[PDB]
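**Q** Dock chains R, C, B and P with the ligands against chain V, hints included.
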Amino acid sequence: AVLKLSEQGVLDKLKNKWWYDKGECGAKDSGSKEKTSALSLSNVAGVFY
Amino acid sequence: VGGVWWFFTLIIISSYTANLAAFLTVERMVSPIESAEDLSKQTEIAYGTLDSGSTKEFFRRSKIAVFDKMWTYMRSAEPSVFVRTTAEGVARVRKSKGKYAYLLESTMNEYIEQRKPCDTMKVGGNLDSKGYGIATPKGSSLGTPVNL
Amino acid sequence: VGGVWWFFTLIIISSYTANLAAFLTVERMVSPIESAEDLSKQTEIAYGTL
Amino acid sequence: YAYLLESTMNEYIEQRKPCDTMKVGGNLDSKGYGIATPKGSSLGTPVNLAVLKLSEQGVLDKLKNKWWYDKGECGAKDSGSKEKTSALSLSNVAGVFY
Amino acid sequence: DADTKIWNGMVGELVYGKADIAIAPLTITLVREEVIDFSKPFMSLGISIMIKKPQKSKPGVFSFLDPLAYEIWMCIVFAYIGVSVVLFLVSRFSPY
Ligand SMILES: NS(=O)(=O)c1cc2c(cc1Cl)N[C@H]([C@H]1C[C@H]3C=C[C@@H]1C3)NS2(=O)=O
Ligand SMILES: N[C@@H](CCC(=O)O)C(=O)O
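Protein chains in written order, with the working numbering: chain V, 176 to 224; chain R, 268 to 415; chain C, 899 to 948; chain B, 141 to 238; chain P, 1198 to 1293.
Any given hint could turn out to be false.
As a list, the in silico SDA-like pairs of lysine to any residue whose alpha-carbon atoms are at most 25 Å apart [said to hold, decoys possible]:
#1 R/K383 / R/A344
#2 V/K192 / R/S343
#3 V/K197 / R/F349
#4 R/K364 / R/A332
#5 P/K1237 / R/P404
#6 P/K1253 / R/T292
#7 R/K405 / B/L144
#8 B/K193 / R/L291
#9 R/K362 / R/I379
#10 B/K179 / P/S1236
#11 V/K190 / R/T339
I should point out that these hints are in silico values taken from the structure, not numbers from a laboratory.
If we strip away everything but chain V, and leave its shape as in the complex, we get:
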């Protein structure tokens, strides 16, 4: 009976369920998004040194 569900891939649908349909914390989602701008002095301050 195990071999049916593996062949029917229902485990994967469950594997999506208990790992990936509950992708909660952040960078799984926010890692593929856009960015901000407006350069800061901490990026610059060694040049003044």
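**A** What follows is chains R, C, B and P with the ligands alone, placed relative to chain V:
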């Protein structure tokens, strides 16, 4: 002293142009993820329908797994995401501060977006193709002369 | 000579300033080990199982 | 010579090679296909009930994906969302020399 | 109704014969076909999603000053002056 200052002004304002080009690229606010599908996935923003609504009955009967999963949430949404009247859900979203979505119809969503203070937004397309029709008591004589 | 040298430096610094604000924000990573092998070697970080 | 036809036709033939058509503007009206019987037949209610299931089950859309969109053939439906080339040409430039 | 099928709302108005017609924003469904008759549909619609309008900020008058933060503009002027005076310092230094 001068070549230092040359080296200074070479780095700085050339770097300015790189950021200056970056502002003229794009200004689109992303307005978070539509065709919602995260309402199935996230737990952050709730979402409800009208009480005694066909849509509230639709997801009870909807067999699409995400819609099932929404209905799985909507039956388990505690407290009631479901509302009794129309503007009940509207100002609920308006005070939700982006923490409660609400489902209604396309003709509603376009009309309330034309209302002041325009604080709504339709996202995505529709989900289906429905249609209002005039109803009679079943078996009345009025059916054909109305529908003609 | 300078006509070589100007043509030299023109193609250089233009390429230098192809992108720079992209290169000032990276904030990449540290990640000392992956395949640990220093857990055998160092005495600093311990490590256990269930 | 222009030609008038339907919206479902105009989108479908624009998906055909060599894409040489174009839909312009919107529609003019809101029409709708429906299944017709001989008038007064017994078949009316069992047909018209059975339509409402498949619409509610959206199987029509799956078929609408099938006969229009799973056979998206001609080009710019696919190539319109791709990348581009480079290497500026003199035809872009030649007015400056004038 | 649950388990007694009592159509509330506007449906039982025509099911139980209380009203004569229902010209209203009423969607044709499948289960409503079993209880009342309908016309041909007159206005198409669908399930929309309404959420808030999330508050875009407009550019300012000094929007060209924006791709450099407020401090560095103040910082560069400071550096601008002190560079110049040291040049002027070594400029006039008793040529013997
Ligand atoms: N564009 S709309 O939703 O307001 C709309 C929708 C519809 C209209 C007319 C309009 Cl204006 N008439 C059609 C009906 C006229 C005939 C053809 C289609 C049906 C029968 N019903 S519909 O397809 O539901
Ligand atoms: N016209 C719909 C509105 C509610 C819904 O879409 O669920 C009805 O009467 O059922």
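**Q** Look at each hint and say if it fits the structure.
**A** A quick look at each hint next to the structure:
no.: 1; hint: R/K383 / R/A344; verdict: violated, 30 Å
no.: 2; hint: V/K192 / R/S343; verdict: holds, 17 Å
no.: 3; hint: V/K197 / R/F349; verdict: holds, 24 Å
no.: 4; hint: R/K364 / R/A332; verdict: violated, 28 Å
no.: 5; hint: P/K1237 / R/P404; verdict: holds, 15 Å
no.: 6; hint: P/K1253 / R/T292; verdict: holds, 16 Å
no.: 7; hint: R/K405 / B/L144; verdict: violated, 40 Å
no.: 8; hint: B/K193 / R/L291; verdict: violated, 51 Å
no.: 9; hint: R/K362 / R/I379; verdict: holds, 16 Å
no.: 10; hint: B/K179 / P/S1236; verdict: holds, 17 Å
no.: 11; hint: V/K190 / R/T339; verdict: holds, 18 Å
Hint violations for this structure: numbers 1, 4, 7, 8, all remaining hints satisfied.
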